[PDB]
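Listed next as structure tokens is one chain, alone, in the form deposited in one PDB entry.
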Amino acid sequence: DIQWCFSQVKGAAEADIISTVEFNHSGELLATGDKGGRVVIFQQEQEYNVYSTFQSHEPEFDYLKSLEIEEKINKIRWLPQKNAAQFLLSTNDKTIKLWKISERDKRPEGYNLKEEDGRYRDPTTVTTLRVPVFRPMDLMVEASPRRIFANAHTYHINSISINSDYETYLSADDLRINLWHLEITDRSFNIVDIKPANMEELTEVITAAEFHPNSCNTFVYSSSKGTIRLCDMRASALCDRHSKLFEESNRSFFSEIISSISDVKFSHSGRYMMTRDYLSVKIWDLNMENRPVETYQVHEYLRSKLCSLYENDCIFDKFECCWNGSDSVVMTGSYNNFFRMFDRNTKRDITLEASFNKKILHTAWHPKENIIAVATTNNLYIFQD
């Protein structure tokens, strides 16, 4: 069991809704997505604090369909630290933006060289200012957009993920999956297109996808029916010939909504996979598909109330989950601002209160320490062990 310590709240009504939380691979910097395009970034104090902020997207009004596309950054993903400047992938409903957050490198240089407005010539315009403007040395972190991805997703975007080899990253919308090269942002390879020719028969919605963390070729994409398909780009260029399908008395009207898997994450070791359906967190060993190795219940009392949650909007809520860096434990959110940690070692589950009514939709786990970050709607919590 892990004795989690209550988080300090550092961040904090409609634009400020944390739609994603994500630690960098070496977890020093924490970037949180938003429903207002402001990716609030924090970083761990060198032995977390507000680091920077950048407007990843504006309300891009589509003029071909008149759809008032929101600035909803549904995913934040870090890249490896190519240089001193860190990079972040931010994806709104329609388009991805690659960002560079660099410190002020020229702080000393700007102080070491300065002349008059006319390059030390007489009759300078701002004669005093030049005497003082020479002191530009500052410690602030400077955000900057590097590469703009194209408008490829004809539908709301739900997932992106950096591949194990840092040339490409995954992008999946509710109907298709496109593979984006990191620097080559003018084109994308549509690796999966489940779209039925006639939208009448729309049964399958790709609700989430990710890349296998250690294998550059293995990736999984969920489905509305819960059938998690583990694809392998080694088999073929197009991944419609999926390698495996993961699938499991109570067959109510809403069997078609409880079976929808809102989130899928691989273990840090890539030995196990954890899929969050509405009611249960299913943990699958990747070599056995007809059942999970362990099934976990996220909330017992909500199984019968599928009309009441359907009169309300609550039953559509997208929940997510995350693993320990050691994979020994997993954690996911529940309603009423409660999240649950499902320890696979002792099979003991401990629920935790963040401080129905409030939903912990998104959360994250630091890949090197028992640090977890929680995306409450109007708050951000980083719980320690």
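Positions refer to the first chain, counted from 1. Only the largest set of C-alpha atoms that superpose within 1.5 Å between the two forms is called the rigid core. First, how it differs from the form deposited in another entry.
Only one of 295, 269, 125, 287 has its C-alpha shifted by 2 Å or more between the two forms once the core is superposed, and that residue is 125. Once you line up the core between the two forms, the Cα of residue 108 ends up 2 Å or more from where it was.
Here residue 136 counts as shifted, since its C-alpha moves by at least 2 Å between the two forms after the core is aligned. Once both forms are fitted on their rigid core, the CA atom of residue 81 lies less than 2 Å apart between the two forms.
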The other form holds:
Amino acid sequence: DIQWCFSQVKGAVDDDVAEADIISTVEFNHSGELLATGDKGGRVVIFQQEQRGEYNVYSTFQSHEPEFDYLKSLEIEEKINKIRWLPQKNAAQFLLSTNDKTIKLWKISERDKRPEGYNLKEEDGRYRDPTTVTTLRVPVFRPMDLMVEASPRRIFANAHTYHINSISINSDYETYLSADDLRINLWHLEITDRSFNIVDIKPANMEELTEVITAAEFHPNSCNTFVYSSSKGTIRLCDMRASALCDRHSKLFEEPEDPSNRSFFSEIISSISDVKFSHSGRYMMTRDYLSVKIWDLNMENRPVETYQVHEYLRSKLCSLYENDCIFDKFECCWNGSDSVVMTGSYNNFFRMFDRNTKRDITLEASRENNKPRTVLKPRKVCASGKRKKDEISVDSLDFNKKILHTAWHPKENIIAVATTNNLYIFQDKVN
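Beyond the form deposited in one PDB entry, can we have the form deposited in another entry?
What comes next is one chain alone, with no partners or other molecules.
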């Protein structure tokens, strides 16, 4: 087990943070350097890795703005739901981002050149006589200090009647998708007026509503495979070759429901929250409210691995219904080599399992016990009343510090864990 070692922390210290400080996504980039954290309000904040180094701030830019609807006249919001990066075309780096209605395509670039030379004005702009000029001069270029600056290039807007909860760049540098609660449009990264509705599961009339779409991905190697999830437990595996309209599945991954543990909430703790392909293109881990569960792409009718995250909650499941703590969209991320998997949990713990040795840990991202380069020792929660000095009685977990969003450096062994108002960046001890 890689013993993890505290490395950094962002955000403030006072626990009265306003609503526009709750981190709402965390996403590294393809090569590893940058790290975007788009909290509520829109204020994307990009961290660059110091050329291991620590992460220091690179740019900052209000991405979205509090809008207002015309027809439904709604309080169309400004949260940042997803932040996906694009590959590297030149010395600039691009990244989509979305609130519940829009999708912008920002662009972050450095600049160290300033025009130096004027014709009709002085160095301060104070203009001289119009006619006294005798020899024209052309501005020259001379160095200045790095001034990183973001700016939107396109805005894909007004195509989703419902809220947006996914995007994914297609594996061919050209297109991507964006899956609202009931449809899936396939945009194009250079055409900001047309879309192509590729899936629709909206019924004829609304009142007979059964399921919705709670996630959508693509395939990291194939150009014609998305995996849009479903709010009942099923996972379609669409295929954009056999027919232009991909409404009919080419597979359907569905657990053959177990009648043993059937309970009262047997449909609300079994609704997928995030499906994530596996960095090679074979497995497709998904995370419902109580167990990450690693499907396989060649065996539909059953998963091949099942890891229980916080099993000590299947009793309190009743009490978890009156405080709306049972609708929580947890999120899971893979290792760089498809051997370890991580997912968030309550009370700031974040479980990270291990595929090849079947071990598991439970660390704790907190402040008042950790210093740089120390080690995080496994916290072990106890379900019973027998509690001895190194376990927490489940009657004491604070059900208001949820580690929803997490990431994992592509190649190296650095992770970023985003609690309510901080961004701990625990790495491991380089020896």
